[PDB]
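Presented as structure tokens, the chain that follows is alone, the form deposited in one PDB entry.
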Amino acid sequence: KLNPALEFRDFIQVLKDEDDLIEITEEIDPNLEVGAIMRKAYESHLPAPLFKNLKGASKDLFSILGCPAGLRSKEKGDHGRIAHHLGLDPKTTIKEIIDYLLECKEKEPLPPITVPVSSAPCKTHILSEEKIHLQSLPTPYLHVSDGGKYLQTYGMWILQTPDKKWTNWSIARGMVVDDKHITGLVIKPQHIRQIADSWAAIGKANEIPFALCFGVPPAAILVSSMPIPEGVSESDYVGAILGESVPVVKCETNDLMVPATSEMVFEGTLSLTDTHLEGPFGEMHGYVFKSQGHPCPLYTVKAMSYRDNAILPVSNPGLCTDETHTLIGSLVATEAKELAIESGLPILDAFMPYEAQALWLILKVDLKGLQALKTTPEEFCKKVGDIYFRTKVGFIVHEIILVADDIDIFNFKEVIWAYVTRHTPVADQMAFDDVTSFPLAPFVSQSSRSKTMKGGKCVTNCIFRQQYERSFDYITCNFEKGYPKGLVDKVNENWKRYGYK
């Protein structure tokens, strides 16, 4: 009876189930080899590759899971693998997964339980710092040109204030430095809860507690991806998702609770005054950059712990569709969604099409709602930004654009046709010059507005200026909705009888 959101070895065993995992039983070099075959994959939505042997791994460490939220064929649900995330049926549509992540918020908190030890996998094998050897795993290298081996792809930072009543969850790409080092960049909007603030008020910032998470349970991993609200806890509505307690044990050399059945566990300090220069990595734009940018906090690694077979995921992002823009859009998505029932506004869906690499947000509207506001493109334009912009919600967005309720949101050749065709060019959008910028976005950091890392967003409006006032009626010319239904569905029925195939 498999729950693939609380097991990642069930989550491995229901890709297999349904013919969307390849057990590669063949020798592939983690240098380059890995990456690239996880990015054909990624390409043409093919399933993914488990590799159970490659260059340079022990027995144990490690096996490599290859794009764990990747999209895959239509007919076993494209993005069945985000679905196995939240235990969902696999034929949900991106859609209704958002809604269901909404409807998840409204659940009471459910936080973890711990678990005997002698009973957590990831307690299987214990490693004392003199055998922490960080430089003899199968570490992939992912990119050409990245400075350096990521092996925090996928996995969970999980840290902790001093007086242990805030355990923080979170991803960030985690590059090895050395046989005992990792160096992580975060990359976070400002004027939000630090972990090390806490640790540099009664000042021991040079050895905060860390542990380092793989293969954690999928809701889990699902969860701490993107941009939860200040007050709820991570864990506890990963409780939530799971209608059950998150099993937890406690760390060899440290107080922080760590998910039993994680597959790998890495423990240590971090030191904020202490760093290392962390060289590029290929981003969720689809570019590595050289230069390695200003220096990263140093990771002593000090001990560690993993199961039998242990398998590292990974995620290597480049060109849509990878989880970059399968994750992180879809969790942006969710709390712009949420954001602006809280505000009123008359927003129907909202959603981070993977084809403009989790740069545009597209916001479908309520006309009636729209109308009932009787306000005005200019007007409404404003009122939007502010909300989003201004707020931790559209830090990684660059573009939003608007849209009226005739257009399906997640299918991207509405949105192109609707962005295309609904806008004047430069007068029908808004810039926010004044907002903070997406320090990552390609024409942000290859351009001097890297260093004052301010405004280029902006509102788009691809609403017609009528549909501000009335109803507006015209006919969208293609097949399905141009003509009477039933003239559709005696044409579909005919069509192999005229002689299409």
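For clarity, a rigid core is taken as the largest C-alpha set superposing within 1.5 Å between two forms. Residue numbers count along the first chain shown, from 1. What changes on going to the form deposited in another entry:
- Compared between these two forms on the core, the listed residues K413, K374, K188, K368 keep their C-alpha shifts below 2 Å, save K188.
- In the core-superposed comparison between these two forms, the C-alpha atom of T124 has shifted by less than 2 angstroms.
- Once the rigid core is used as the reference frame, the Cα position of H294 differs between these two forms by 2 Å or more.
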Given for the second form:
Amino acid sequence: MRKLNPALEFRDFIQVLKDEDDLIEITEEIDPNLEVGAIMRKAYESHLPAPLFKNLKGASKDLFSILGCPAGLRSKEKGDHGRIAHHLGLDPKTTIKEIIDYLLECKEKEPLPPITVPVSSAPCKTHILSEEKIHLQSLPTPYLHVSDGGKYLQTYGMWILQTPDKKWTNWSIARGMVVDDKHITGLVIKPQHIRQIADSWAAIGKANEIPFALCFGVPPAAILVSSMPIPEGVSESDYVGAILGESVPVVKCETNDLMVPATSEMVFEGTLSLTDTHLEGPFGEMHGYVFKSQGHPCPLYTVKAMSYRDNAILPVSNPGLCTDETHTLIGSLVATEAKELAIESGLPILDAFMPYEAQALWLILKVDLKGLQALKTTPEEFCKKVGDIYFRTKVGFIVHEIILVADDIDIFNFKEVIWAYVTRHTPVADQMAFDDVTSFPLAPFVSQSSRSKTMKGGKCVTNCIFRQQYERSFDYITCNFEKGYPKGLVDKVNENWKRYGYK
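Rather than the form deposited in one PDB entry that you just supplied, could I have the structure of the form deposited in another entry?
The following holds one chain only.
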């Protein structure tokens, strides 16, 4: 077999999953109406191999197969974050701390802007359709959850928009559903960059004609950074090229001057209008609910051209209860930038993480106790400082509870996080509300309350640092096997386990 580069090539990613027995190619006929979404949910929820649906009801031979669960978790024996590690070309047993640390290190690597390659060398240009051949209702788009407001074609593709001055090209994921044979509608919301750039076009009188492209099965490294809140004005493509160690190969669109990854599976191109809008949603989302008939108008994308590979594959994420891409990518990549913001702001933080079990609503910060002790501060002052740093920034938007814990907690292990949460904070008394800050509108306790109208508040910083830990060493014993007993005893016990009679 060829040397695989799963960060760079979506098809190498799929092959490396097959080589690790972490991909099931499903060749019986599967219906895109619900059945694909249900198979995906069963696979996410038991951390099972990713389904590749090779035979969808209503598909043509090229349009399309579906790869579900591209950044779902899997069994610990093969690297439970191996699919995420493969998006970055890392070893599959890389830990989540190492994945986050690698993305931070890559911010100081030289950015490598995309390289234009010839069309004859771009698989995405194998088949090219002009406007009259666009028939979006022909595609076997999945209907992913009961009560969704449409069929969501765009759950794990990349939108490409560029500012009118051409200085900033943004790549990002935002959901999109098929409206009719020529149009898609989807979320284009503050504070996201896709709406900052669409607003720039509106500012020069072009709100109804914003060029875009939509790319599926892009280089896995590019879809991952599409989900990451890197700074405004920074083009994702150049940080993707630093992660890959090589410029992303790109080719020009048929109908506009945007550049798309040459190895994309499918590319749609057209114009977005902020003034022609359409009912969108609802859509089963990252906090685990579909709230019925709770759709709202969103901008319309008019598809004017398409190109695709032979035997094209649509990757799909089907959000809901933990754990799927809206936890493993959205939450971990907020945590990556929250670590970067701690570093920029000089907070004494070792690591940050958004536990999957808290549906990407909790951000845990592991605090360096000696650095905290150097501040000679109190919990009330520190909680305020921390909430003021995060809750009025775009990185903090999705977060509703920031939990502060000492450096003896492995924040990437929810068993330690829930222990430290329940045992180390006094309910209410150790929580600081932040009432003026922008609420995240998708949190269900916001959207199903009168807060949905004010859109402020409902966030807190919770102190799970004991008062003594703000001042000095505080040595207690953690009553479990691995931490509670001396290493020589732990090892003796583990060595004799079988001899005792354990089977």
